[PDB]
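Novice: So the chains spell out like this:
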Amino acid sequence: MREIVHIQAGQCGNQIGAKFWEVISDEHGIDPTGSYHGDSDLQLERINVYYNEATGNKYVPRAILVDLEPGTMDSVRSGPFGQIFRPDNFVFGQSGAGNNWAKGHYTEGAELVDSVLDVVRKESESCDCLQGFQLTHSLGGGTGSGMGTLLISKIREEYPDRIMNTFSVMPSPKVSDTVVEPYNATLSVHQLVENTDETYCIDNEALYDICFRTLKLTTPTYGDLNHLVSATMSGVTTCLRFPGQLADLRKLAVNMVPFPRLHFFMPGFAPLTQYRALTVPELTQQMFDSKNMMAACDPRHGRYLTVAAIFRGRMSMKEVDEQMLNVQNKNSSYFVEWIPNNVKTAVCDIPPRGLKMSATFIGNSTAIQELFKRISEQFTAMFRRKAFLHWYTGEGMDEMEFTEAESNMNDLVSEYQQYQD
Amino acid sequence: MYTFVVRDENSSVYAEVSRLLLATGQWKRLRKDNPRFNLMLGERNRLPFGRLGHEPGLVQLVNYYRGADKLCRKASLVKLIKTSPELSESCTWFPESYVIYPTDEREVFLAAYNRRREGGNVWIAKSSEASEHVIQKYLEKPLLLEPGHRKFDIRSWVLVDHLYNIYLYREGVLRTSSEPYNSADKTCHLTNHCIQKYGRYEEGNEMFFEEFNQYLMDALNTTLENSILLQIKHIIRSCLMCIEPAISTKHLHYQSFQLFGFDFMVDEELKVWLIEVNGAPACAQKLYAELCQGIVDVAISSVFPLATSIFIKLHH
Amino acid sequence: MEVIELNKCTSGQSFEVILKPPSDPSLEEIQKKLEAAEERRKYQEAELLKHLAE
Amino acid sequence: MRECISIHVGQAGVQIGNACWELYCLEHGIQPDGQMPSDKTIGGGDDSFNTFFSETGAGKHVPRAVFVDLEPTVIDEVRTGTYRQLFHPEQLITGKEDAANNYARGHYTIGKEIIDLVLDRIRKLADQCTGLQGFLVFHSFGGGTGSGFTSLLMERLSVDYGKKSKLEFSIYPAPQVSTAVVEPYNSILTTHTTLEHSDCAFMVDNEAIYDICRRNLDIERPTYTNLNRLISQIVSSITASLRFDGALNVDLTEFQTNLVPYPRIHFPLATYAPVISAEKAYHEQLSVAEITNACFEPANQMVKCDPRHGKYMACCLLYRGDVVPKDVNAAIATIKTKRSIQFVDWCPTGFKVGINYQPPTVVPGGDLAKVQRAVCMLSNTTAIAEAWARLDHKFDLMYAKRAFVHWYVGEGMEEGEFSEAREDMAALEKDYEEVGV
Ligand SMILES: Nc1nc2c(ncn2[C@@H]2O[C@H](COP(=O)(O)OP(=O)(O)OP(=O)(O)O)[C@@H](O)[C@H]2O)c(=O)[nH]1
Ligand SMILES: Nc1ncnc2c1ncn2[C@@H]1O[C@H](COP(=O)(O)OP(=O)(O)CP(=O)(O)O)[C@@H](O)[C@H]1O
Ligand SMILES: COc1ccc(OC)c(CN2Cc3cc(OC)c(OS(N)(=O)=O)cc3NC2=O)c1
Ligand SMILES: Nc1nc2c(ncn2[C@@H]2O[C@H](COP(=O)(O)OP(=O)(O)O)[C@@H](O)[C@H]2O)c(=O)[nH]1
Ligand SMILES: [Mg+2]
Ligand SMILES: [Mg+2]
Ligand SMILES: [Mg+2]
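Residue numbers (the entry's author numbering), protein chains in the order written: chain B, 1 to 42, 45 to 248, 250 to 276, 282 to 360, 369 to 437; chain F, 1 to 102, 125 to 141, 144 to 151, 164 to 168, 180 to 231, 235 to 247, 253 to 362, 372 to 380; chain E, 6 to 28, 44 to 74; chain A, 1 to 437.
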C-alpha cells in the first residue's frame, strides 16, 4: 500500500485537479520544476505516495490528465505548475462531449478510453505496491461524467482488487451551465454506486452558499469555489501524505463504509478563508457546523454512520480530545448507536499554507439522501415530459436506460432512509 | 449539559428525580441504550456494572451499589450477620434467625427451638409450633400505640453517596395497624399499607415523626431521638460500615450511590430491632419532593455541579 | 498458614503458602478450509467479470 | 536446559517485542553488538539465559526470536534500531500489503501465501534446539494481521509441534488507543479460532496501560513507547523465571499446571506494582506489605475489572528485589484479614511465591524510576469475564445490522463463521458464570 495513481477528466476535473497538485506540491516543498527545496524531512518521508522520483532527484506527479477537447488541458499546461506534469500523461481528443453523458460514455469517449488505459497501465507497472486510484470530475457535464464513469468501469475490470476513490462535483441550478445536468448526474450516480469504494460529494450549491453568505463574496466565480475544493482535498489527503499513526485507501474504506453502496461522504473544512489563530473549541465547533459542509445537506436531518476528523498545526492533543469528546457527548443524538466508537481523530503537526491551524471533516451521514432527492426531483420534472431526451436518443440510448437510472437513484434514497430510522 | 439515561420505569422516586433533572435545564435524557452517559438510573436486576467506566472522557455514576444485595436479601442478610466478625451474630439488635432450605440450618433451628419450647415462643418464616426461606423470632411484645392497642413499623430512608458518606433523611414514617393486636386473622399482626387497605386514627395508616414524638412525650415521658433514634443510627452505621470494603467504589473506574429503606420494630421496652433492608424502596407522598431534591443535591450535583440540610450525616 | 517447598539458590528463592485446603484439526482439514475460502473469492470475481462483460 | 522461541506478529507484537528484548539485554548484561563479557563459556553453554539466547563462535548472543508482519515499516525499525546487530536477517519477515484491519484478509487471503515461509524460518530456529519447550506469541486482538495471521499460525504450530506448549501475550482493544471500528469483530474471530490451540494467554488491555501511564507517570498523552516499556516490564517479570536460576515456573508447562485448572479458562489477570515516575528525584520506597496490598487494587491491574465480585482458581506472586519470605507471609496475613479473597471450593486457597534478588531494570533515560522491590501477581479469577462481556456486547451492536460484514465475506469468509465464533464466546461466558456463581 504505497503508490496512488491520480486521474482528472473533463473541464471541472482538470481545473480542481490542477489546483490540488499546486497546493500539495507547495506543502511538500516541490517547486514548479520538480525540485525539492524544503526545510523539513517530514515532507519527503511519504512523498512517493503521489510522486515518482526521476533521475536528477526530480519529483513527477503520478497524474493522468484526460479530456475530449484540448482547451482546459492547454490552460493547465500553461498554468503555474504546468511544467511539472509528465508530458506523455496528457491524453485528449478534439470533438468534445457537448455536456452529454451519452457522448462521453458511449460514442466520443469510447475512442479515447483505450489510450487512457495504456497510460494507466504504464504508471501502475512501475508501482512497488499500488493502492488504487483517485479521480477528480464533475457529474453534470459530459466528459468527466460520461467518460469518467466509463473509465472507472474499465479500470475495475483490469484491477479488480485495488481501491477506487473519487472527488465528484454535484450540479446545482444556482451554479448551472445547462438544463440537462440532472440527466447526466443521475446517469453517473448509478455508476458510482456500483464501481467506487469512496466518493467525496462536492456540491456546487454548498460551495456557492459558502462564498456568498460566509466569505461575503457578492459574485463568486469558479475560482472561488475551487479555492474551497483544493483546501478540502489537501485536508482529506493529509493523512495519506504524511507520517500518520494509523492511513491508506483500504483502511479508510474499511473503517468508513459499513454497507457497500453507502460510500458517499460529506466533507467539511475550518476555518473558512485572518491573522488571529482559531482556538481548538472554535475549530471543533466550526468543523461540525452545517455552514462548513461542502454538500448542501443539513446533518441535523440525518445521522452519522462514521466520522473522521483531521487537525493540522501545533496544538494540544488533550484539548483536541476534550473538544471532540465534548461535541460527541453533547450531540450524541445525531450519531448511530449501533456502531461503537465511530468517530476517529488524527493530528498532523504541519499546517497548510497561510493558516496556523485547521481542521478537516469527513462524514458518512444519511442526510446525504437530501442531495440525491434534489437531483431526483429535477430529473423527474423533465423526464415526465421527455424534455431534452432527443440529445440522448440521438446517440443510441433508449428511454428504458433513463427509467432504470431513476429507479436506481430512488432505491439509493430509500436505503439511506432505511438506515436513518 | 450533563447526560443521564433511564432504565427502570417502575421507580416513583427516580421518576421524580429524572423529572426534576429535566426541570434543571442543565440535564438531558438519552435513549435507554446510549452508552455515552454521565448518570445511569439503572434496572433492579442484572444491572451490567461491567460495562460502566470504560467511556473515554466520561465520569459515570449509577444509582446502585454492586454487591449491596447481600444486605437486602433475607437469607443473605442472616448469613452476613452470622458470619461477619463485625456483627458476629451476638449483636443485640437483630432477632434470632435461621435459614432453611426446602449449609442448611434445620437441625440447629429445631435444636434451639427445643430449648425455647419448654419455657413460650412464636416464630415467623418468609423469603407457636415448629412442625406447622428464613425463620426468625416473632417479637411477641411490641410497643402498641394508644388509643387503638395497635402495632407499627418504622421506615427510615438512608442515602449513601460516592464517598461512602451515610445520610439519614430527617423524616421517617411509622406504618401502623388499625386492628388491635391479638396474641391468641393476621391483619393486626401484619403492618403493610396494602394489607391494611383502615385510616381511622391517621391518614393511610401512617404516622409522621412530629406526631409520634409528641405521643412519646405525653405518654412515656421521653423523646423519639433519645428512646429510638440513637439505636436506629447505630444499626444503620453498623450495617453499612460492615460491607464498605466489599462494595465501596473509592478507587473504582465508575462511582455508585444508593437509596436504602431500613425497616425497624420497637418493643415495649423501647428497644429497636432491625426488621429488614430494602434496596429499591418507595416513599411517602408528603416526602417525595423533599427527599428527591435532597437526592439531587447530595448525590448527583456533588459529582456534577451546576452553575439547614434535610439529612443527618452519620459520621464514621 | 503453612509454608512448603522452600528452594534457595544464589539468585533467590521460592515457596508456597497454603491457608486452607479445598472444600485437533489436521493439516489436510486446514488446507481444505483455506482452499474453500479461495474458491469463494474466485467465484465472486468471476461473477464480477461476467457483469462487466455484459 | 530447554529453549523457548519467541514469535512477534503484527505492529503491536513487533514493537512490544523490541521493548522486551531491549530490557532482556539490559538485564543479562548483553551489549547491543551481542557480546556478553560475563559469559565465560564462549560459543556455547547450557546456562539459564541460553533458553532465550543462542551463541555464535564469535561470542555473539542471538535472541531465539522471529518477527513477522505483512507490511515492512515496523520491522524496518528493528533492522536499523539500536539492537540491529543482535538479529540475523532471516529472523525478520515482512510482506508487502497489510491486512487492512480485516481478520479475513490476514487469515485467508494473505496468510495462505506466507504461512509456509514463516513456518520454515521457525523450523530453522527449532533445528538449533536440544529440547525445545515451545513458543511465546505476541500479537494484538484488533489488527488484521495480529488476529487473522496469528490464528492461522497457531493452528499450524499445533499440527507441526504437537507436544510443545504455546503461551500468548495479547493486546485487548481500547478506544483511547484504537485504530479501527471493526476491532471487536477481529477480537472475537481470533479468540474463537485460537481457543483450542493456546495453553495460557496473558491479556493486556490498552485502556489499563493508558490510565496507569497518565496517573502514575503523569504523562498526559502516552505514546506507544511509554505503553510498551511498561508492558515490557510486566512481560519481563513473567518470563524471568525462564531466564534466571530458580525453582518456580522454570518451564512453560508449569504455567499451565500452576495457573490453569481448566483448558478453556486460561486467561490469568496480571497486576503490577509499583509504577513510579522517574521525574521525581525522591519518592518513598514501598515495603513488601504495600506492594502486595497494591496487587489487589483495580487501578494497578492489566485489565480493568472487579476481582471482589469473582472467584479465584490460582494465584502466583512474582517478586524482584530486596524481598525475604518472612515479610511476604506477614503481608499475606494482613491482606487476608483486610480484603475479600474468595476461592472456588474445589481449589486450595494458597499463593505460590517466587523471589528474584536482582531488582528490576529500567531503560536509562526512560520514564520508569528505579525501585528497590517490585511484584507481579498472576491470578486466574472469573472477574476477567467482564472484559469478554464488554467485547461481546460491542460485537452484538454491529452484527445485528450486519455492519461491515461484507468486507469479510468479500475475502472468502462466510457469515456462519461470525455466528459460530459468537456462540463459542457465549459458551465461554457461560463457563465463567458457572465457575464464578
Ligand atoms: N500496547 C500497544 N498496542 C498497540 C501497539 N501497536 C498497535 N497496537 C494496538 O493494536 C491494535 C491495532 O492492531 P495492529 O497490531 O497495529 O495491527 P496489525 O497486526 O499490524 O494488522 P494490520 O496492520 O491490519 O495488517 C489496536 O488496538 C492498537 O491500539 C503497540 O505498540 N503497543
Ligand atoms: N420477627 C417479627 N416480629 C414481629 N413482626 C414481624 C416480624 N417479622 C415481620 N414482622 C411484621 O411483618 C411485616 C412485613 O414483614 P417483612 O419483613 O417481610 O416486610 P415485607 O418484606 O413483606 C414488605 P417491606 O419491603 O415494606 O419490608 C413487618 O412490617 C412487621 O410488621
Ligand atoms: C482523521 O483520520 C483520518 C483521516 C483521513 C483518513 O483517510 C485519508 C483516515 C483513514 N482512516 C479512517 C478511519 C476511520 C475510523 O472511524 C471512522 C477508524 O476507527 S477508530 N475511531 O480508530 O476506532 C479508523 C480509521 N482508520 C483510517 O486509516 C483517517
Ligand atoms: N466547482 C467547479 N465546478 C465546475 C467547474 N467547471 C465546471 N463545473 C461544473 O461542472 C458541470 C459542467 O461539467 P464540465 O466539467 O464543465 O463538463 P465536461 O468537460 O464535459 O466534463 C456543471 O455542474 C458546472 O457547474 C469548476 O472549475 N469548479
Ligand atoms: Mg463546461
Ligand atoms: Mg421486602
Ligand atoms: Mg500493521
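Hints in this document: simulated from the structure, not taken from any laboratory. Ideal placement from N, C-alpha and C gives every residue a C-beta, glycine not left out. There could be a bad hint or two in this list.
[Claimed, not checked] Derived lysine-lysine pairs resembling DSS-like cross-links, with alpha carbons at most 25 Å apart: (1) B:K124 / A:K96; (2) A:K163 / E:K25; (3) A:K124 / A:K163; (4) A:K96 / F:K32; (5) E:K62 / A:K163.
[What the hints assert, rightly or not] Distance ranges between label pairs, derived from CB positions: (6) E:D44 / A:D431: 18 to 24 Å; (7) A:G410 / F:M1: 56 to 62 Å; (8) E:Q64 / B:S341: 35 to 41 Å; (9) E:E65 / B:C131: 16 to 22 Å.
Novice: Return the numbers of the hints above that this structure violates; sort them in rising order.
Specialist: Of the numbered hints, 2, 4, 5 and 7 do not hold.
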